[PDB]
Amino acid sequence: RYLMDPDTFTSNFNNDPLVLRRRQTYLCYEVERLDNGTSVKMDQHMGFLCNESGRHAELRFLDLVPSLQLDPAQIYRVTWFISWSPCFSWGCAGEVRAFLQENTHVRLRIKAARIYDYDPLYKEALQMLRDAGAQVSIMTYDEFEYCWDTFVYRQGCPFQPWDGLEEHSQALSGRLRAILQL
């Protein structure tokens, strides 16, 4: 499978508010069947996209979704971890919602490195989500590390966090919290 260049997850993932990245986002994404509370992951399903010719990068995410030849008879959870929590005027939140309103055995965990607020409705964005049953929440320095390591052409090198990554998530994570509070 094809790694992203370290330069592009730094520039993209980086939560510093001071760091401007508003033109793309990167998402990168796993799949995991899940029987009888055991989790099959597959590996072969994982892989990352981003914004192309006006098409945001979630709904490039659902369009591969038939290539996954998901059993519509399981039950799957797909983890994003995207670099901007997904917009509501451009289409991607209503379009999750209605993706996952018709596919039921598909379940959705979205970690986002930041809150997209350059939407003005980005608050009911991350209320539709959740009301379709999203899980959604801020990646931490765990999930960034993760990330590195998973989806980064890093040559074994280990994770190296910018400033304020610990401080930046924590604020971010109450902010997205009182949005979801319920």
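If you superpose the two forms and keep the largest set of C-alpha atoms that fall within 1.5 Å, you have the rigid core. Positions refer to the first chain, counted from 1. What changes on going to the form deposited in another entry:
- Just one residue from the list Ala132, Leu59, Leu70, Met42 crosses the 2 Å line for C-alpha shift between the two forms on a rigid core fit, and it is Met42.
- In the core-superposed comparison between the two forms, the C-alpha atom of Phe88 has shifted by at least 2 angstroms.
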Contents of the next structure:
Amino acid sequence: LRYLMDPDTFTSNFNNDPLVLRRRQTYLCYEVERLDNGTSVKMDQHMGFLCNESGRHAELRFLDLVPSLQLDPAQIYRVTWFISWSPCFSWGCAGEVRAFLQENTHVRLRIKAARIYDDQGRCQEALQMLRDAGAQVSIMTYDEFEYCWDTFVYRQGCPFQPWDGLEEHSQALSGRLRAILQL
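I have the form deposited in one PDB entry already, so could you send the form deposited in another entry?
A single chain, with no partners or molecules, comes next.
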């Protein structure tokens, strides 16, 4: 988490109010944990946040920087995404992440999303495609919002202050997502 996110930037885009639908940007905070001897090893050079740049969505910009992580293909790494939009909202995004998981079987992808975009169409199919490729997808609760504020945000020792309806929004979003991925 070398460079920290602007705090006002964090609250705007990670707000989970269903009645607000901003298409401004999509932020992805990432951390890679190596799972070894009953613990999780985390390196600061494997942490940070991305957004959409050029015509490359944040989920695909993280896949690009995977070789520069110098991961060991003989060990188990768990990658976590804290993402401010529905996972793989862009076209063809779920297919690349699916292919990536098939090649790098030493990687476990865990996706914590501030919200989802239930279109009952292709965005809903993208969420199920990630599940079937092995990804573990769930809605961010107060825990995840507070953790990112402490971990990725330039807070200057200030505590996380939740916005109105954070828990109500999260549980309703959680209920819809669970119904989508239920089997």
